[PDB]
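Chemist: Given next are the chains, with one letter for each unit.
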Amino acid sequence: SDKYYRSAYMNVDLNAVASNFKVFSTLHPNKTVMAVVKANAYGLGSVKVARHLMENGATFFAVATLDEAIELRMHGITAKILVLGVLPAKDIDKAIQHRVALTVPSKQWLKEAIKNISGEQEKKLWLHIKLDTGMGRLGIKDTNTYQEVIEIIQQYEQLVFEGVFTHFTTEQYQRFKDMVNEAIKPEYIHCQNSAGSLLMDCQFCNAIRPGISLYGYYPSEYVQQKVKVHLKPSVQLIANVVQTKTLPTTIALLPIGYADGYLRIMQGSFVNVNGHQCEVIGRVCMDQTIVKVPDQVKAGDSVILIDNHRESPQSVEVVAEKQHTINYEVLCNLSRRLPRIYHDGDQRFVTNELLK
Amino acid sequence: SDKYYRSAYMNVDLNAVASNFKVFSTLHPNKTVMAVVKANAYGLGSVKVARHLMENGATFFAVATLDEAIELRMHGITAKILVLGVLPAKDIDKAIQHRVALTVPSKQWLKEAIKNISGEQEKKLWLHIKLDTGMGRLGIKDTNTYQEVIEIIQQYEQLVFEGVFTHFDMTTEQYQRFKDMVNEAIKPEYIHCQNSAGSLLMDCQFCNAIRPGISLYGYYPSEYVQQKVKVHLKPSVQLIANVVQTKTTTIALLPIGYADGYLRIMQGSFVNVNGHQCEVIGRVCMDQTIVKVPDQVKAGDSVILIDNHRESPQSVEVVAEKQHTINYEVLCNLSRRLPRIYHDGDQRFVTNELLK
Ligand SMILES: *Cc1c(COP(=O)(O)O)cnc(C)c1O
Ligand SMILES: *Cc1c(COP(=O)(O)O)cnc(C)c1O
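Residue numbers (the authors' numbering), protein chains in the order written: chain B, 2 to 169, 179 to 257, 274 to 382; chain A, 2 to 169, 177 to 256, 275 to 382.
Don't read these hints as lab results, they were simulated from the structure.
C-beta atoms are modelled at their ideal positions from N, C-alpha and C, and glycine is treated no differently.
Hints are all accurate, no fakes.
Selected chain B positions facing chain A (in silico; Cβ < 7 Å):
| id | residue |
| --- | --- |
| 1 | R7 |
| 2 | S8 |
| 3 | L67 |
| 4 | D68 |
| 5 | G86 |
| 6 | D92 |
| 7 | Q253 |
| 8 | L279 |
| 9 | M312 |
| 10 | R362 |
Heads up, simulated BS3-like pairs for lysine-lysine below, C-alpha to C-alpha not over 25 Å straight-line:
| id | chain 1 | residue 1 | chain 2 | residue 2 |
| --- | --- | --- | --- | --- |
| 11 | B | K91 | A | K4 |
| 12 | B | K255 | A | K142 |
| 13 | B | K116 | B | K91 |
| 14 | A | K91 | A | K116 |
| 15 | B | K81 | A | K4 |
| 16 | A | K255 | B | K112 |
| 17 | A | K108 | B | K324 |
| 18 | B | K95 | A | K4 |
| 19 | B | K125 | A | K4 |
| 20 | A | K382 | B | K382 |
| 21 | A | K382 | B | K4 |
| 22 | A | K238 | A | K32 |
If you want the footprint, here are the derived chain B segments under chain A, 3+ residues with CB under 8 Å:
| id | stretch |
| --- | --- |
| 23 | 99-112 |
| 24 | 129-140 |
| 25 | 355-361 |
Starting from the given sequences, assemble the full structure and let the hints guide the process.
Modeler: Here it is as structure tokens:
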């Protein structure tokens, strides 16, 4: 769709994303798969990912913020959408207006949300209650308070107790069941992320929340080792040589740098130039990376910096190890400046945020 | 202008940027100040920054890529624009069509570019030749090739040899090398070698344009430059979030995380919660950050993560030290998900990429 004018880009394999989504629905054929497309689908492009997943049966998405929900709605996503973070109470009408479900983290928040609803928006307010079941970050910890909140919701016909959830293990899961069994059960009961949806069946819940594994990565090497399914990595990060120089070794200049999310710490990494592992030398610049190459490498040759294979020296996890971080952040680092080139069979289309 | 629905954002002070720009033109009254707004003006937002700079006399911008240049043209920018990186030769008509000047890094590139020009685009191709004066990076290192490239340009009425440039005891040799190469051929209209450091520290009688980048935004390229200069620079960026929930030692939850550019390494940093220095504890998550806070801290309290002062424990340089990187990268890391709230006098307007 969009044009692009620099030879540096991500390939995003939508067939891989659909195939990983199908792993989850195949393994839990009686659960709603709430696809987590927060943070711009972990760097891949939430609008195009969410649209593709809807074309592959997805009916419920989760995002981190209301902006992320609205962005989906504005681009024709009609699926159910849950915001996982805490909406500012003043913005309540906007969530009601765009048919966006919200997370209830506390009784205080719910009381404030109610006070901010005017008569202007009159559609249902869909609510999922977040229980803190030990972990200790966002959510309601006491059963009594859980009951109070349900009672407040039932007071208002505009408010819907659509769901209840938590986030992680065995003891915590038991705590979740104990809290939830102390009250009427809502339509959606969910506690599993990617790891949970791969490791545990959890028959008590009727919906799951796979995030990173939809895009083809395990949340940890333990999960990768423990669970004997196959995920398809969806991302390649590619750049073409723009100039070669001899300075007894040839070097190649790539039009990509830390402003694209190829961080300075990548210096000393190896990248893939037509089959050859080539070291990244000298400082990674804002817009340029230098690679030590064999003498036959010329301007126009493609370089794989991130490859769509788990067992690869350019894999996301190896990139994460170089960055002293986790695969999640490597992907989130990839910046707006990179066109995303979506592959769906032999169909190819491009998002380029700079020309929107 | 734009609305936003999460209490995390950047304040961008356009008055500070205009003031820093004025520092450069005051230091160099006889030089064109080619304001570098590449990489979305180092995270500030290239459109809003370039528009503001044009309103304050700026007539020439430099960007990294043609996409960045067309982005400016699409938003009313009429100034000259130079692309500093290497355009794919097949896209040459697009640069010509949009009156964007291009960098010549090599003879080979130039011949490829000329081949791709359509008989039907007949506006000028404005060219700046990049010289490699000792860095062994982008551009022409040999005087004979430089002359050969000029002579090729002279053969085509459609092409203009508009400029020649390079990029920097180390730098004394390079400067002499630049003067020597340029003196061996006809001089073009624009001669330029100085970045922010070069512009703050050197005269360069020979050049007639400068290319300040990071210092336009209020940051020194190094402590050494900060110490040696007699000017003041005004930092232009704050990074702010509000507490969304507190839990009892009181902890505070912030709606910002590593997907926003506040990377996992920020764990153990201190932030400013209404005047109190407070430690980032536990893991920094994709969308959420946990801070140890005084008992009096409540939902809604504002927190400075990056402050607009050089001598602050939340300064961009301190943040860079925590990230084991440089100030440039800290800025570049700040993701599309954060609204930019522009300040210009008492005027305030918001850019929110997700709702664009
Ligand atoms: C991010 C998130 C998920 C998804 O986690 P992954 O490890 O990426 O699968 C699930 N639930 C909540 C509440 C989240 O915030
Ligand atoms: C980025 C850049 C500059 C400006 O560098 P700063 O240190 O940010 O001033 C100057 N010239 C070229 C070619 C650049 O790429």
